[PDB]
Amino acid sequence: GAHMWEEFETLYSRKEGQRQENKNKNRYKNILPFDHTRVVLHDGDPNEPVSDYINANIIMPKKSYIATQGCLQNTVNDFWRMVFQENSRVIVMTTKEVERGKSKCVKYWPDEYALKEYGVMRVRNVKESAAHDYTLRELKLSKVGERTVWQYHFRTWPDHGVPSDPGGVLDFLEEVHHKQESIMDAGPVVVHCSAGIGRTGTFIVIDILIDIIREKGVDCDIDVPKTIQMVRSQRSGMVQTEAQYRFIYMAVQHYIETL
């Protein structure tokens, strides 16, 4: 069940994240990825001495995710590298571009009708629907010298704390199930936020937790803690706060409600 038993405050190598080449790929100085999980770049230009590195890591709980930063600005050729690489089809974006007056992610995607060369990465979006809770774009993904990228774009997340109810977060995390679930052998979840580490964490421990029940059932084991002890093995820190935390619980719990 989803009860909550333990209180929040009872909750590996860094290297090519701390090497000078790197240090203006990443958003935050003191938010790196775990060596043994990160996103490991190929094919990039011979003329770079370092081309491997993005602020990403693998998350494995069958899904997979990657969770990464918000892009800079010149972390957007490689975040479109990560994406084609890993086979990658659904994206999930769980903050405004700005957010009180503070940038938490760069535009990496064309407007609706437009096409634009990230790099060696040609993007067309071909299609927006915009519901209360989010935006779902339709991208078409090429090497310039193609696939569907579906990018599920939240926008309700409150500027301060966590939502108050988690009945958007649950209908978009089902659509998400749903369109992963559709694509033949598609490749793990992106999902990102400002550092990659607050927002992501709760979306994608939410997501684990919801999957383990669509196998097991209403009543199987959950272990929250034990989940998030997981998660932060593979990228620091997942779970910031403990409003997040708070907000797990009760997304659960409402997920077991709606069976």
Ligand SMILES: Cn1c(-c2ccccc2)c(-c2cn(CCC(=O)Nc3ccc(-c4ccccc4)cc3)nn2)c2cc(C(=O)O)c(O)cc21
The other form holds:
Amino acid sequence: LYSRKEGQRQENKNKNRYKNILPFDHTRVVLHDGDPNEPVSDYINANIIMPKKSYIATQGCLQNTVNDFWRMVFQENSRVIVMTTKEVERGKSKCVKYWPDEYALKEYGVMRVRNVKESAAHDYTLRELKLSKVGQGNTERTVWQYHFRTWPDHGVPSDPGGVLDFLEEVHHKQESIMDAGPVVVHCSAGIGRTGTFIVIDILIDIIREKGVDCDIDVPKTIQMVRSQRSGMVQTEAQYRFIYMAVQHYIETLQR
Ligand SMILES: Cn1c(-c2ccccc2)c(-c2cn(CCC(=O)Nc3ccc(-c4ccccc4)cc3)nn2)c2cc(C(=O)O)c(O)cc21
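Mind sharing the form deposited with the ligand bound? What's above is the form deposited without the ligand.
Time for the whole complex; same chain goes first.
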């Protein structure tokens, strides 16, 4: 019932970091208004994830998909990006740098991005970016990139505190922007770490609207996000991290 033909088309072969990890057609983010000279330009290995708050689970940029990444961010009107990995972890590239150096500006295809300010927080770096379309005039918007940089090289964090505080900030930022689009979340392949942050965010939100005693069904929620992007939450450790995060959150609310 869930096909992934687009990601399998020959023209999009190099647009996937891992030939085996592709987006479902029914939930894939379809990019419009691309270079007419490109055989195919409506593809990006990204899927919309909905539990009015949604997410875009995607892979880290490849050198040849950076422009597509910004087209997506602009198209979906996303104002918040959650990068969950370093650019390189254990000698493996997990995302090409898709943002300009601090105070610098770079043009990605028809998208102009200005890094206006970088700030350091505990477990993360926040980059305030200005995104606009070169051909237009009233398209500029701030995109807040939250770069979580303390995720361990191996396994998952032993304590969920850092991710929860991180997500709390992300949450506050998203709600401080009028009608911001889906929060973009990415990791190497866009399913393991990415799935973990999203599932946690989804569960925490439910607790924020139903109280510390509402029913919480992790397995159910995970299967729900998985019907929108396959493989979300790849390891036992990640699975357990989610359980720990929810509880830790509940226990924090209980004063
Ligand atoms: C896409 N991928 C991969 C990955 C899976 C297969 C091949 C390459 C990367 C890992 C991930 C998972 N393991 C532990 C599982 C294991 O015993 N075999 C193993 C796989 C790769 C390496 C490895 C790590 C660095 C360089 C070269 C090989 C070592 C052990 N190591 N690396 C991963 C982790 C996360 C995360 O949550 O942090 C993620 O979001 C995506 C991941």
